[PDB]
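Here it is, the structure in full.
The complex appears here minus one protein chain, its other protein chains still in place.
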Amino acid sequence: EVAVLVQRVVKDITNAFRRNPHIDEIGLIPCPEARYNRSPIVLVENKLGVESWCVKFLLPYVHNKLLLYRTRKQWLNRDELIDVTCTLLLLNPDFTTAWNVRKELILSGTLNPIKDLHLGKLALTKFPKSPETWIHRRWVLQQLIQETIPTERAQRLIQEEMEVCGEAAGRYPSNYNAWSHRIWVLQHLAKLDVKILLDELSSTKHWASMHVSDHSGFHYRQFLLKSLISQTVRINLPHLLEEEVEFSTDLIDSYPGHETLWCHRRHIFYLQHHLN
Amino acid sequence: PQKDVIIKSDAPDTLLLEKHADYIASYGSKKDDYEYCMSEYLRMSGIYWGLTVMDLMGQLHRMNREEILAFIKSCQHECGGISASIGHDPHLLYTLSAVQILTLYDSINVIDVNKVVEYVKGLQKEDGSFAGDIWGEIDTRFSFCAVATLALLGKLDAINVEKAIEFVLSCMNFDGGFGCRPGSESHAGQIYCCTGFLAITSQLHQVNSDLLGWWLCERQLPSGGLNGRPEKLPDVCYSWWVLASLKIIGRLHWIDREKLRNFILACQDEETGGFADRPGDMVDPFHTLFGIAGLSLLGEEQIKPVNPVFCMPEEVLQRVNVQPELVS
Partner (left out) sequence: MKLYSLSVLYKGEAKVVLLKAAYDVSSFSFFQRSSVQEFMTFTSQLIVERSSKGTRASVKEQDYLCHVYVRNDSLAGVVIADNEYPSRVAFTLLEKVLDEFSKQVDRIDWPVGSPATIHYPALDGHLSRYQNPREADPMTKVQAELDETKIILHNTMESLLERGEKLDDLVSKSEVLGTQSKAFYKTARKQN
């Protein structure tokens, strides 16, 4: 009867997306024991929650039933696969195999690549540092190419990544994996477009003012300026450096004792000295 | 105030070698299916941490030898690579973890050596980079995992060594540090891989030992501990990666060894044993290795000399004749 409980929840989770497509985040609530005839998953408005007593029995079941599919010990239906990989990655996004199974389904024309971008987006709200989610997302994004200005549909995709990279950086202090992926997008998806590179500078000017001691965030600042030099030989590049060195000085005079602000200043100074 | 931990007066200040061996031996004994499934995606590395930390303390015999060797054999797939556990997909991280374990037990022929090398070859790209698996994830860790595995197999030249070095040196930033990809932020972990890479391939002369060492030394906080990046709390795992890198580039004498030693010892658990990341947090076999290996580099006589590149006992790597030259 314990196996019956689990099949109910994975339906309740699958149907939870039928309830509301745009789910904000997935969390965890401390319910020491099961509530009577109440599904362990509880969604209020946009948010989705999972009771603590559920994780003890659900996770090892779905984990086991995916290894059987990998060892050819039990055949799972096409729709069963996208349902067991779904509930696994909402509990443990670091499961490489679970992502790889979806990598196969997507490439076989079974699964829609966008559904993983919506799944990963939910995985980054509970596990914002989990590298496998970022690793998988890089593979999906590069797969969405090839079925000098990027396509408008790609421009909507790039700005979409800028939002999930920012929120993931806002849930964990100096998220290396989040900013490293944000840089990776500009390198392949944006091709270091001089247009987007400038717009992203102003978008992160406020974050740096509200989030110092974040070398990962300030490195993104450095990466933007470096790429602006690699494109030229429009907007005056030294003028941008004049504004940034003053912007950094403003934050040090305001908030002292941050080595990121000092390391950032040195990195800016190096860009100024190497233009002559 | 600057971001740093505060070592208390009642904090551990002596090496508890016995309670560390008993912790690793008793770990995994608890039938916790949840914790197993939650960490099965890195079990091959989890055993590597467990075995290596025991062999450093001369207690490797307390571990089940046959069961582990039988586990690794049934983890190797048809494509040659070795997965983290039974049923998982093969990867360089666990291919390296497997070989490292098979090197400790001197049972490298449990797994087809030839098919392993062939798996590493196919992951190398045209530029010289390496992928984690067949899906093509690019990272400098995988460049390290590649040459580290092949060096323990005696077949390093099997890959394009010339282009492999060419890619790693392109990941060097301004501060002298390394990142995941060319242009990525400098990270102590990726530096540990790249410095270890250039050590095996014998290219440490193309590394600014002064500038890179300067970056690594700036990671030492007033508590004595080390962090991975600026404005980060000190961490034992980071304390090892920064320490080992210094030993590689030949700038180990710059940091305060006595302060760092007291930081690592403070992360001990006088009740259960093992090392945590910071004094007070929960311990785990992961940090237990880097805590022991960290003290070994500082010259702890109760612990066997550890190799900074492979994170393995020196007596083990002396047997298989692999000891890359370090900077004087």
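Residue numbering begins at 1 within each chain, and the chains themselves are lettered A and B in the order written.
In this section, a residue touches a chain if its C-beta (ideal position, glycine included) is under 8 Å from a C-beta of that chain, and two chains touch if they have at least 3 such contacts.
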Of the listed residues A:7, A:71, A:203 or A:254, which contacts the missing chain in the full complex?
A:254
Footprint of the hidden chain on chain A, which residues?
24-25, 27-30, 32, 47, 49, 52, 125-126, 170-171, 209-213, 254-255
Contact footprint on chain B, counting only the chain that is left out:
1, 3, 6, 8, 281-282
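To be clear about the criterion, only the chains that are shown with their structure count from here on.
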For chain A paired with chain B, centre-to-centre distance based on mean C-alpha positions, whole Å
26
Can you check the complex and tell me which residues of chain A touch chain B?
55-56, 59-60, 63-64, 67-68, 70-71, 92, 94-97, 100, 103, 135, 138-139, 174, 176, 179-180, 183-184, 187, 212-216, 219, 223, 226, 257-260, 263, 267, 270
Using the touch rule from the top, collect the residues of chain B that touch chain A in their complex.
1-3, 33-34, 36-38, 40-42, 83-84, 86-89, 91, 132-133, 135-137, 174-175, 179-181, 183-185, 187, 218, 229-232
